[PDB]
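Let's start with one chain on its own, the form deposited without the partner chain, as structure tokens.
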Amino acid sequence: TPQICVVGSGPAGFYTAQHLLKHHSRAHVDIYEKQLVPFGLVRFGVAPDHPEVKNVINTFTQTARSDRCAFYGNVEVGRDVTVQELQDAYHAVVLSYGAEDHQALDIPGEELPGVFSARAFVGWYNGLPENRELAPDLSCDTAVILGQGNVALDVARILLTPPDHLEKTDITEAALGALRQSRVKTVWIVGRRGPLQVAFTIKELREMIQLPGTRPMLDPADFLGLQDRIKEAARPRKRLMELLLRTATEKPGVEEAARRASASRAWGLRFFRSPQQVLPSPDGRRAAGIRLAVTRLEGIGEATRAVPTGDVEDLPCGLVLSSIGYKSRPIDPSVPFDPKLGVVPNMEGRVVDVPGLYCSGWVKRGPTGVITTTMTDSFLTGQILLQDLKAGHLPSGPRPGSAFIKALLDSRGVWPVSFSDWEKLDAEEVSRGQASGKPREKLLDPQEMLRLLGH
């Protein structure tokens, strides 16, 4: 009876567990999670208006309800239980704890009220408890987001969508309340490089172009000579560039020009600009603008980089969101860690020089893939682990699993959240959603959550 543990209950932890249980009929898989609830970025990252993307929770739930899987929420690995205790109790341990650290801008003014990471703002509208008191001031009229990836489009979309259109999503009631009073009417999404280097994808870009009540602001000068350079591009990429290109250059028909003219909100893309400093208001109490360094591109293909021209542009705004990526954080002394790439060093999921220790998801490869990318990568880890298990490369004989761990947690005063405990809060969140017309109304206060979890 192989005993395996998974650290982190996001898509990498759950897909790793699903592979292990599907391909080994006897193994037991225990999933540990620091938050009081499961699912990681599917609950706290994916936007409220992309409920379709969160449907993977139904298959994760079937895995967690199975006889050979168990969930242990409210357990911070590296703090409440160490990795070495886990290594001693299980045949294999898989690190799947994501990339919790936002990359900072590292620029002067970053401390002014009105500056936030995009993930923190997302965590605020998606109910991550640690961001419940973010209280972003939306009394300004313009927001600037740095970074042109899908996370940037999500934050811009939420700031500009007519609030009534978010009423039936699972967005927190607190954030929708704040959005109803927001004075933000313009959002600029700024990149250091040019149109060919954008990182967003077509579904999200189209949602922005078609967002009711808004008009797009693209400068045709940023697109001169584009069709020519995209003739040899991959199909999906070329389609994305053609949609941007049309949006920037085609003159709209009569009805669309009228719709654009009556729009009360607008969004735009700015290129060749890198963040130099956040500018304060006269009294220093808040952000009032962003000073950008003009840039030009050098290099070819993926090797292209932005270099400064010496010119600068000041762009007035009251909210600055940095959407420039993430890094994993070290977790425990027994686990090697590369501060440069912000990943646990590994060879196809086997942690360097640590027999029995593996990794999957963002902590294995870096923070760049979508959920499907995380799923197929976790299956790769699951294959190597099971081959190591079948071949007798892991310790032979028993291994206690949770019987050992719980006896340690019992003594330390840590009471883990089981999946059946989570089911109680889930039912409560869903029922509270019935009155208002939402999928659920998330509980945000950890104390109240613990009560509703039966703790």
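Shifts are known only where both forms have a C-alpha. For the two forms, the rigid core is made up of the largest set of C-alpha atoms that agree within 1.5 Å on superposition. Numbering follows the first chain given and starts at 1. First, how it differs from the form deposited with the partner chain bound.
- The only C-alpha among 219, 111, 106, 298 that moves by 2 Å or more between these two forms, given a superposition on the rigid core, is that of 298.
- At a threshold of 2 Å in C-alpha displacement, with the core superposed and only residues shared by both forms counted, 296-309 is the one segment of at least 3 consecutive residues that shifts between these two forms.
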Second form
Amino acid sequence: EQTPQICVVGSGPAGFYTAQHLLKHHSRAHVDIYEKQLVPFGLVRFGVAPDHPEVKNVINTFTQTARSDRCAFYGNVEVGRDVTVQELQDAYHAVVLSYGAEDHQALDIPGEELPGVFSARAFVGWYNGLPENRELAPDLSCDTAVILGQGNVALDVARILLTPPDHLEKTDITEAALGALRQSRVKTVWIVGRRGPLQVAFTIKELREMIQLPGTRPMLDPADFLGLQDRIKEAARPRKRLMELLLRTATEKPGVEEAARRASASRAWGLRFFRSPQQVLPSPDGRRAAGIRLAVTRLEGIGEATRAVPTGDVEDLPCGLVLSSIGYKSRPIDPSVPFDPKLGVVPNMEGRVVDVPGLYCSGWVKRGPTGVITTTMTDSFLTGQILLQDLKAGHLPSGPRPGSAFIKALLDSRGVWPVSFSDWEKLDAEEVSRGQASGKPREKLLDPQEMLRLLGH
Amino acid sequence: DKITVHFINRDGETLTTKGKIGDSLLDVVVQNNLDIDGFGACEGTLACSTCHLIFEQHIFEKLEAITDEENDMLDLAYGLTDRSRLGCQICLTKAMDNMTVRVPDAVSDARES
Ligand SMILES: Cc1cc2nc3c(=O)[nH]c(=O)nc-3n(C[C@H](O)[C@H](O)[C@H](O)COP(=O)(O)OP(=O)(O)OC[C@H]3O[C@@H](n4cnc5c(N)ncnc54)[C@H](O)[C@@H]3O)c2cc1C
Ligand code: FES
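Shown: the form deposited without the partner chain; wanted: the form deposited with the partner chain bound:
All chains and molecules follow, beginning with the one already shown.
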């Protein structure tokens, strides 16, 4: 029989789940996972908050997959740069793009470049050890911080900003960020959304965590939930409980115990509705951000292309830190692959890249940056399946295929030294040791050149 | 395994197996090496919904009281029924022997948007 050679571009949840599916449903298929970072797992390592270790458990299943004899890892290989997609298509039977959505949604407003304005995801990569963000060194000396957008990512940075530093002591949070967080004078966090309460993008788990965060109290305006009760009682299961928790918190008087807790709280988080960022207001010396001008908006223009539009009235909000968490978009990495700049994804029909035989995709680069790990997982399985289905039907390149035998020699000729999964395990073991002393799960290596020095690279 | 449990996989196929009382169905699944597409991703820590299972009515009624922590993850699960529970939260009992749990399939493409 044929021995399928499959290539996966990206080592995050979508790439590892697609490979997992391929290995499980085809006994001879081989999967080579390429990754531009020196280490695997993508956002499970760099995105998921350090106080959410339970979620990082999917890493155990990816490690199991990577250890399979029919799987190989190739970190420090940036597809489209070190190796082109066309070159991978020549080497493999099928190529699956799973490189997530890297680009951040710019605010595109006056003063969005003022110091103190960061991408919410840059702040996250900061404390999660993404190398490119290790020198973010955000100024946490100001009292208020404003987060634009009301998704889970917003709740994550707002939670990390208000969590008592000591409670983060033994998580895998970078020691660097934990040190900064200890000196932080941030005590007020506002999460502002363009739309209303019925449109919040976060889930009940993360909201509940926020409502119960030690040392904090919630700041919800009862007026934002007026004539909204009956619509909540009719919402769908996923939505109902979430909304009822917000409504309850926003309109019901807390018990004696809860009230006492809040009266004692020293930090606070709140939710603002119907406000779109109009401009970041500068400080007296115009050297930093001192606040943000929010335009009051209205639900106007409804239907498919529904959007909030400024009424003309504004509101200036004092704040020393402004975090933009308004989604993201994938980016094209190779001129050989089609791209939908409007939706920010690689055009595809349920996994099949448009007009490119043998080319597939999964994860955020396929559906957009709106799914948790479980969503990405079941989506990635569907792609692995449509690929196996094309294989059986004979719609993928016939015969031979050298796979890595070709790419290895190619990357070699180009002076690119790949990081294998076993090399990663030496690094992993090192980070775990450094976590021993301080009692943390690990102490992430942030210096690119040191990580390579370890591996002997 | 002192008791028997039947798992109706997504592809119609049934996977019978035994698991000693006290174990969560995730334990029954994992240790018995049952092939259920991405079942128990967070390894039973209430961080996912991949261990979602549809129990028999005559058994659902007498299961441990469901917590908010479980409902929080269950709301994000597809193929949700009135007899749904997170498998890793249900520890086996003597009265569960020979029961039949069904892994949710159907059209979940709706969760991908
Ligand atoms: C701040 C934050 C917190 C989150 N918290 C949670 C949570 O608590 N629970 C949850 O379930 N989900 C959470 N998620 C969502 C989860 O991280 C995503 O659903 C998941 O990472 C999607 O996987 P992916 O495979 O599409 O892409 P990603 O994980 O982004 O991985 C894409 C991979 O491709 C690599 N890559 C990019 N370009 C190239 C290239 N040219 N060549 C080679 N490799 C390349 C990237 O470096 C990366 O490793 C969170 C997301 C964020 C941003
Ligand atoms: S295995 Fe994750 S919640 Fe049950």
